[PDB]
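The chain below stands alone, shown as structure tokens; this is the form deposited without 4-methylcatechol (MCT).
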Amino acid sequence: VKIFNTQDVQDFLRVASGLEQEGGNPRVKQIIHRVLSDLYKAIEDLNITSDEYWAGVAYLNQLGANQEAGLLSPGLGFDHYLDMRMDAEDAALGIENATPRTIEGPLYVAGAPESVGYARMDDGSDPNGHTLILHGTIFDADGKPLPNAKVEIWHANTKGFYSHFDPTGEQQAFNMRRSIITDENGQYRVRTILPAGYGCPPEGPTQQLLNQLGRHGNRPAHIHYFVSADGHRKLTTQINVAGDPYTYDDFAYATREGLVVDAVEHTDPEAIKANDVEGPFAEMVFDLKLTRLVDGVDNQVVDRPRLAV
């Protein structure tokens, strides 16, 4: 069957998109028209049956009902595709951004407490939590320590859950979420625990689709970062814990060279006392170098819906 290219279908696509209406947002109509066209065409080229179509419509309802659109998004590579575009654009402007950006993920929560230089991130409610001392220096576009920069960090516990999105409900507000303002040496230091990777809600729509593609929905253990400061663009990045089985097989394709960090294990008494911890702990060092604003503006900051508490 071939009717997509006839005048009725073509005219119809213009009507449905409201390209004929006088009111509305021209930008939205432009996009809708393009998307309906490609889909109407895809339905023809692939001879998608009504049965298949409605299975797709039902899937769409499940996805939203389970608020998993922002989880399916990175799994189908959009999140990384948008980053790739951001990189292409910077490369075209001669911006040799040292610390590679990667996806933000849908689990950021605004409002975390902030402090200068140091902060313990966890409430110690994780029985299996392994103490982690994470620290580094923030450098400006010139390679100089940058005091006053705001480092935002958020990660999951050993069960792979983030505060505010813990299915088991446990967690205290902003647990494992802090904003650190760099100190006199442009440094930040936090005490938290090693996060574990995690997968998609096992019975959710995202996992359903992934099984159909013969793929897994697991992410390697990682820590999320937000770094902003005057005169510089906001940095969205993360670090992967070295040795994770999914380090290079992240379902969200967020991993990048330069972002995989080694968690050095310490067990000797001198190290333990020095960092005034209570037993063997792991240490990760990660410095971040920021890029300068582009003609006075942050050409790559993203404004997307983020939960605020």
Given for the second form:
There are 2 protein chains.
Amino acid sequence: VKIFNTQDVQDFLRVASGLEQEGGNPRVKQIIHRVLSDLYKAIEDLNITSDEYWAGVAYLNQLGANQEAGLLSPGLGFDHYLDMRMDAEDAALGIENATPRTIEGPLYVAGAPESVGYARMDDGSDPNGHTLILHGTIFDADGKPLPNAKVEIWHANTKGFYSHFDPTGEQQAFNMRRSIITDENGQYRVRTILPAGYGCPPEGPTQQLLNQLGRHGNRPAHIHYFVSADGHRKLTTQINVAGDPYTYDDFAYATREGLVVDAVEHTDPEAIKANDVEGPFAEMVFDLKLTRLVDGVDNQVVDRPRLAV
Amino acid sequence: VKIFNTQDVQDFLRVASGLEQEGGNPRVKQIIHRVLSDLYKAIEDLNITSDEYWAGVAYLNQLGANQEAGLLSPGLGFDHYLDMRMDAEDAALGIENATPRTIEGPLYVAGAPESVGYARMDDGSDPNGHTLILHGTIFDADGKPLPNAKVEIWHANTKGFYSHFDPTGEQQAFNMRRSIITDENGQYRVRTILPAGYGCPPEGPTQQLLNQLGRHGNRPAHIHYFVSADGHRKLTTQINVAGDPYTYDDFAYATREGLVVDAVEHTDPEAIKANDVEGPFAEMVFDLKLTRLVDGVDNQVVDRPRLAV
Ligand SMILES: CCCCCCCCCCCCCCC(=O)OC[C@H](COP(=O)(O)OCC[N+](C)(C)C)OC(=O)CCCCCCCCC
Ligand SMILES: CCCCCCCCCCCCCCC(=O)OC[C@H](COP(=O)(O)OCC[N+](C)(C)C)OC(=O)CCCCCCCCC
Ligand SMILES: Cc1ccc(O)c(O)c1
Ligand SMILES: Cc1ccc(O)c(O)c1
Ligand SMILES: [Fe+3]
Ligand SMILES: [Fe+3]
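What would you give as the form deposited with 4-methylcatechol (MCT) bound, now that the form deposited without 4-methylcatechol (MCT) is on the page?
Every chain and every other molecule in the complex is listed next, the one we just looked at coming first.
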């Protein structure tokens, strides 16, 4: 029993997609027609039953009810795939990406405190927090230190929770989220704590689907970056804390060579005083290099829904 | 950009689908691998940008947040498509379906009061309700009246709202929802009111998408039926009130020839007095004929999540 390639079904697909309708958006119709065709065909090819189908529809409802579509997305590789496409396009334009891009993730929040050159990111409310001094230089497309660049950093606490998405309700707004404008030497520097790896809500729809694929929902400890500057494209990337068990087994497939960074532990009193901290701390250095706009246009910035507080 | 066909993307798709993982459900992995492959390819063929992609992800959260995946499904033709498959399968088995099946819709509620041969379905709470006497006979696969068949009926009020899903504040539980056991002559008879067509929540995600396709989100006035009996398959169908503006332009594509019924209006005192009502009323007669089990089993019953009370 096969009906997908019969006139009845093909004509019905055009009707449902609004192809012969006068109103609407032709681009949406075009995409919907393709997606529907593909799904109708997959239902036939894989002999998906009604019981299976409705289980899929129920999952969609709970996926959205839990606001997890942006979490499942990277877990199913879309986020990284979109990055592969941008990389391919840059290669086509002859653009060399000194600092590789990687996924943004769904947890960026607009509105964080802004400062010049330095900022402390945490409020010391984490018991198990280990002091981290993260600093670096931002370079322009010509390799020269870039003053006034805006470096945005966000990461999780030791429990693997992000402010604004913390279930324990423990964190104040923008905790571990800052914008640092680079100083005269093109440098940025922050005092924060070493993040812990992130895990998907174990009871949520994203993890339940991953369980069906025999997969885990963990990410290694990492730090997110947005770096923007006049005359340059906006850089989206992240660094991984070297040594993490999941560095090369991230459920979001965000790891890339060049982004794994070593956290050097400092114990002597000399270093501690020089970075005036209260005791042993970790230090990470990470420089980032920007690319220039293409004929005055940032051909790769992404406009997507982001929480703004 | 064309990278879908490279080994890097093809292997990635296998990894993301857990195909190389030992745990999990092989059936789910099989379906996920196909759906991801098709979508990754659709993104390439249609050159879907990251901006477009994330609008799609946001829409998915909104769809589930409003619990409308089961409303969008029929709007995009899936529900009707699944029935087409069922019809094709029956046609191949030589099963002549006397009463045509059509979609269940997402508003069935389990546990309605039950009675033999007759019941009034509404609580008279609808100010504009017009009395409707709906009756008919249930026939077995041989064309013989079937006593003891269970006829389940549910429908909307004059505002297009159903009990348990009324946006304006609860109706009596199970208002306009009843189960009727056919009597000694295989008949069912109910007193209720004429329903008004249903329209999708105007500001909801389903209507928002339909707008982009230049389509409306309306359904003609209709009455749902579930009919079950020993030795026969469970029938899912509905009847359309003849004359409705959307009879042949249902956004859920559920109307079928043989399911459009005329509601005859009675105003003469003799009719009124005979059916013992309090004034003019409408009458609809609709008989249903059932099909026998296939090798002792109901090959088309659908088990899907349904609200129970
Ligand atoms: C609005 C239009 C939307 C159209 C969408 C069409 C998608 C196609 C549908 C495919 C559905 C896959 C069917 C999976 C399935 O048949 O069962 C999936 C599991 C169930 O667990 P079981 O243990 O098997 O249950 C049974 C326990 N018993 C045996 C004891 C009874 O549950 C799950 O959530 C996995 C399902 C998630 C699949 C979502 C894919 C989409 C993501 C982009
Ligand atoms: C987690 C894995 C899931 C992967 C899913 C991938 C989806 C495939 C890609 C989807 C591409 C959709 C592109 C839609 C688009 O580019 O714009 C869609 C419209 C927007 O209207 P505009 O007027 O342009 O808005 C702007 C008005 N301004 C200019 C004034 C600001 O909005 C909408 O909600 C329409 C959205 C339709 C998408 C639904 C898909 C579901 C199919 C089952
Ligand atoms: C997809 C995703 C989930 C959690 C994170 O912390 C992150 O950076 C990305
Ligand atoms: C999709 C849909 C919407 C409303 C209804 O009353 C119905 O039966 C089906
Ligand atoms: Fe993160
Ligand atoms: Fe209905």
